[PDB]
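Before any questions on how it binds or moves, here is one chain, the form deposited in one PDB entry, in structure tokens.
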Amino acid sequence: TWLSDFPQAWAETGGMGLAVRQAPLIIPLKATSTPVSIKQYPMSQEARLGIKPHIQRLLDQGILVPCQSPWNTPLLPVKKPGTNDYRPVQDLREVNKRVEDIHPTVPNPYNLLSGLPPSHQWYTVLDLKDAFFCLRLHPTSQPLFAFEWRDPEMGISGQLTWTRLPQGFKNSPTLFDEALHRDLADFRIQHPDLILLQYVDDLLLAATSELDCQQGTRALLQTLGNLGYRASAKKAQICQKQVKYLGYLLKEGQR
């Protein structure tokens, strides 16, 4: 029952995360950038009602907050099915174009897996839930990601923005990967015999024996929870000689 032994480490029981050791992120703009305010494309009531629950949850969680910003990008009504479930998707392309580029340090899955020794056959795969939202944004950079939100009948002031690293921002994957690497540096040092692969929010822990993988997993979950990250108990693959990681099926040491 890994779920009961580590309440804080799982999204299911530890609540929304927040990387407490990471300083709020400051997002540098390119040298010539000036704010861009793109009007919000009219949204149907169906889309608005579909998105509303999500916006309210984020406001309650403090991930979204009201604001007045010279920046504004549009929200899009996205429903994977034909017209089923919705979810807000922000078009941050005009913001991305004005943000200074950073070196892409996230390794491609192929190269990352090359660092997996044949000696480590016991695997544990964890995926961090709402990973980007665990990283705070400095108040100075929050206005950059503002969007409009209203209600034809008693709606918020006007704009809302993110207080955490947002989805759709070009540097989120890299910034998150780099932050988690800093937070897990000690863990690696304290567990020299363990192999830990990180691909943004997807983690692979490899060990030589089931026992080591057990103790190692316990230590990783404890560490992750303490740092403020949250893993999916639902999708978790604990101490298995066969696991699915980054589209690959790890078995017998193949792939």
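Numbering follows the first chain given and starts at 1. Here, rigid core means the biggest group of C-alpha atoms that superpose within 1.5 Å across both forms. What changes on going to the form deposited in another entry:
When both forms sit on the same rigid core, the CA shifts between these two forms reach 2 angstroms or more only at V106 out of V99, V106, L184, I156.
For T140, a C-alpha deviation below 2 angstroms is recorded between these two forms after rigid-core alignment.
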The other form holds:
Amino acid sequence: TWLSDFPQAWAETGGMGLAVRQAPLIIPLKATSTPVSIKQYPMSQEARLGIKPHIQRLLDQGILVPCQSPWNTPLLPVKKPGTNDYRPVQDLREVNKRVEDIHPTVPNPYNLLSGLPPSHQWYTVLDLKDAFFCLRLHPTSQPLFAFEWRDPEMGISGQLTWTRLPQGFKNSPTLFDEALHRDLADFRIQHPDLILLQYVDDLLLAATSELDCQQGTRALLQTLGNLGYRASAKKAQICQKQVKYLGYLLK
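Please give the corresponding structure for the form deposited in another entry, as opposed to the form deposited in one PDB entry shown earlier.
Coming up is the bare chain, nothing alongside it.
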């Protein structure tokens, strides 16, 4: 019923998310930074065929697009045999160095976790799937993240870049945490007897009874689905007196 009552809230039934209320992000560069182009080492036939399916799927969904940029960072085949199903990892160290640091406004989640009232002993734990891919990058900031993808067989010979917040980018955890926090401000305001804790893509809802936890979890799944986020149905812990959150056992 959790699956069928809220089909848009789950990665399994609702596809990839897209945070609808979040405007495409602009990434500020340090005032004196210049674009940097790092060399891409020729990939072997085997790593290229292990990686191409991920590149195909991302392209298909609009998550990667062709571009021309003065920036370039290397792609690495994160490792199997050859031809044999690998995955692509981008080394963004040189972009990370040139971008302004963004630090958090949210209250520290560990400190909040320790101040949880004992009246609140029913919990739901959710984790969001592919959370950074829910946030769009503004066209003016997409060039920063380009890499080279030469696959004449694929008919792509040039650079590709990310249209969503990429993994490996130093500010992605903070940028996603701040955006979701702001997106869930209405839920928190509307449900004063529930406590919602979050840390990047890990969420904890706590309530005073099983029935209040059940309704607060339904309202939260309705809200997340509508906002464009997707939880993993395979990992969810719903209305329990004992749960693991952040690896900690709450009981």
